[PDB]
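Participant: Chain residues, written in single-letter form:
There are 2 protein chains.
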Amino acid sequence: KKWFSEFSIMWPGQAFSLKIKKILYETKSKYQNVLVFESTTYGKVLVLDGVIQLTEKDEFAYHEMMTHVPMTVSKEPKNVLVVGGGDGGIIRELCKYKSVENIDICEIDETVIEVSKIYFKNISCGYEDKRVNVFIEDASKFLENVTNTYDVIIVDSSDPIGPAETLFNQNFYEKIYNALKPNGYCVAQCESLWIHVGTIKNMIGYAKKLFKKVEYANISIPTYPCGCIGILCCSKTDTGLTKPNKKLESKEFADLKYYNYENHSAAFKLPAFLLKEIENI
Amino acid sequence: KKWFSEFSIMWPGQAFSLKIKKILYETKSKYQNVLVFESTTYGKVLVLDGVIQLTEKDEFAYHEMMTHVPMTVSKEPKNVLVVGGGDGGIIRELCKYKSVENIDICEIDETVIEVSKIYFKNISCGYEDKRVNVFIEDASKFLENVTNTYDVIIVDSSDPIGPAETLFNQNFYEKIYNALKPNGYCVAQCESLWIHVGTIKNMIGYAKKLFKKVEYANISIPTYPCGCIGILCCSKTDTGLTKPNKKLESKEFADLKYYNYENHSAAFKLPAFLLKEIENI
Ligand SMILES: C[S@@H](CCCN)C[C@H]1O[C@@H](n2cnc3c(N)ncnc32)[C@H](O)[C@@H]1O
Ligand SMILES: C[S@@H](CCCN)C[C@H]1O[C@@H](n2cnc3c(N)ncnc32)[C@H](O)[C@@H]1O
Ligand SMILES: Cc1ccc(N)cc1
Ligand SMILES: Cc1ccc(N)cc1
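Residue numbers (the deposited numbering), protein chains in the order written: chain A, 41 to 321; chain A', 41 to 321. A prime marks a further copy of an entry chain.
Extracted from the complex, chain A is given alone in its bound form:
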């Protein structure tokens, strides 16, 4: 049995590996190298440009926090946009909300969706939902053109190297701000506090140039580098994204595996050194 190893200049000097039960599918799409394998212990795994995007074992942590942090703070979210997110995990979580009337997903790589419909049927099951509409395009362009505004935008992107490069700059955050309702929120994947402080400071400074409250939360998830990933959390009101406005009690949420009301606000209590780095931005 072979192992998959995740090496990158974005985390020099370190690497995480998973043992491979069987390779299921590989291709070069228009944008990226796509790999799907059944791991021995983390179930099926999706890899893009040699970087792990999800595993069936842990995806609920990242999908649940990126979705339910903002969707419990937004009072009556009607219209939601997922940027990236072709696997459908964020959509799945979104569909549990009966009040949502529309979910747009802008994913640059349709291969990611199709692979997910084929190989990840419990992650991609929300594409059957009549409220979901799919747009295959660079979100940087989608957001320059979309006429609707959203109650929430969830930026479920890959890393800055690759097609997500257009998503980690001051310009993209202007577009997001413009595309949100006046009391709308955006959460975005915003890397690891252990090694990406320069990036975190940059993104925070980008968000703070527009949003009146910018917060950063941290998720434990073992298959992203350093075992955590942050949520850059952008609020147009002074009040922010640290306190949920509801609890998830209907039968659709009985299945939740990470998110709950308390660990929502916990995620925002950050390490001392991180607070000190970002305090003068």
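Since copy identity is lost for identical chains, a pair holds within one copy or between any two.
List of simulated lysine-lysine pairs, PhoX-like, C-alpha gap at most 20 Å:
| hint | residue 1 | residue 2 |
| --- | --- | --- |
| 1 | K287 | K316 |
| 2 | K291 | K316 |
| 3 | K309 | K283 |
| 4 | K241 | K297 |
| 5 | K118 | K276 |
| 6 | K170 | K157 |
| 7 | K309 | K241 |
| 8 | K316 | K297 |
| 9 | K136 | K287 |
| 10 | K136 | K170 |
If you are wondering where the hints come from, they were derived from the structure by calculation, not from laboratory data.
Guided by the hints, dock chain A' with the ligands onto chain A, whose structure is given.
Facilitator: Relative to the frame of chain A, chain A' with the ligands by itself:
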């Protein structure tokens, strides 16, 4: 340049690796394989039985939380025991407290101490402190014999495979309970919630057989498996270890890099699935 890889049956199907700048020292001690290397990006690294024990980059997270969670809850801790902990990181953190009069450390492997005094001078600097006393012995035996009781016991052990095997059983938790003052506390390293749920349930059930409050906290630290490690948190009073009783404001604590008053209680807000697994113990 070579890489160090951390493979183990304790986390089958996964592995973390660090790139090696230079090997500094290796030996087989009486108890374990000892490796010290300068990594390219995480500074110097100490490895025991092929398992990473610490790196200079991140050790403050684990040392600060394991120390300051209980030392801010204990009102006037006079006498403290570190189990394991030969690197001295816990001692270092302990020494900052002027009120502490004595620190006993029971470390089974004196090689770990000596290597740490030689190679990790900013971790091991607390051994110069006149209040520190060192005992080279199996803590399982030390705690069967010690006549003093402690205000806090910090169990800074390696994993259950190896000499720490004696530290992860119902018997060891009885000894700890006996060795603590009536309002004394114990925190112990208690593995990763992503893969060690069976162990976490076992340890919790062990602790709950004696202690009236048993809590579990989680730390982000990239160089332990799954990027987190838990703190099993044992309180003889109903009140527990989730809320600090003081803030660390004197000049000795200006240097803190992870711990603070808020992220102390945050660490105890756990993922949904973990709460459900442990609810009927
Ligand atoms: C699969 S997903 C994240 C894994 C956990 N849901 C990351 C997606 O972001 C897409 N991505 C990357 N850059 C962009 C842009 N610029 N636009 C839209 N989608 C993008 C990429 O193709 C992945 O499918
Ligand atoms: C270096 S330390 C942890 C790394 C972060 N401080 C873990 C120590 O626990 C010791 N250890 C393991 N088992 C025992 C027992 N049974 N007793 C005392 N110390 C032990 C082991 O030799 C390490 O030095
Ligand atoms: C969603 C996501 C987060 C981090 C990395 N590295 C890739 C993907
Ligand atoms: C302290 C410590 C925690 C976890 C592992 N794996 C080793 C050492």
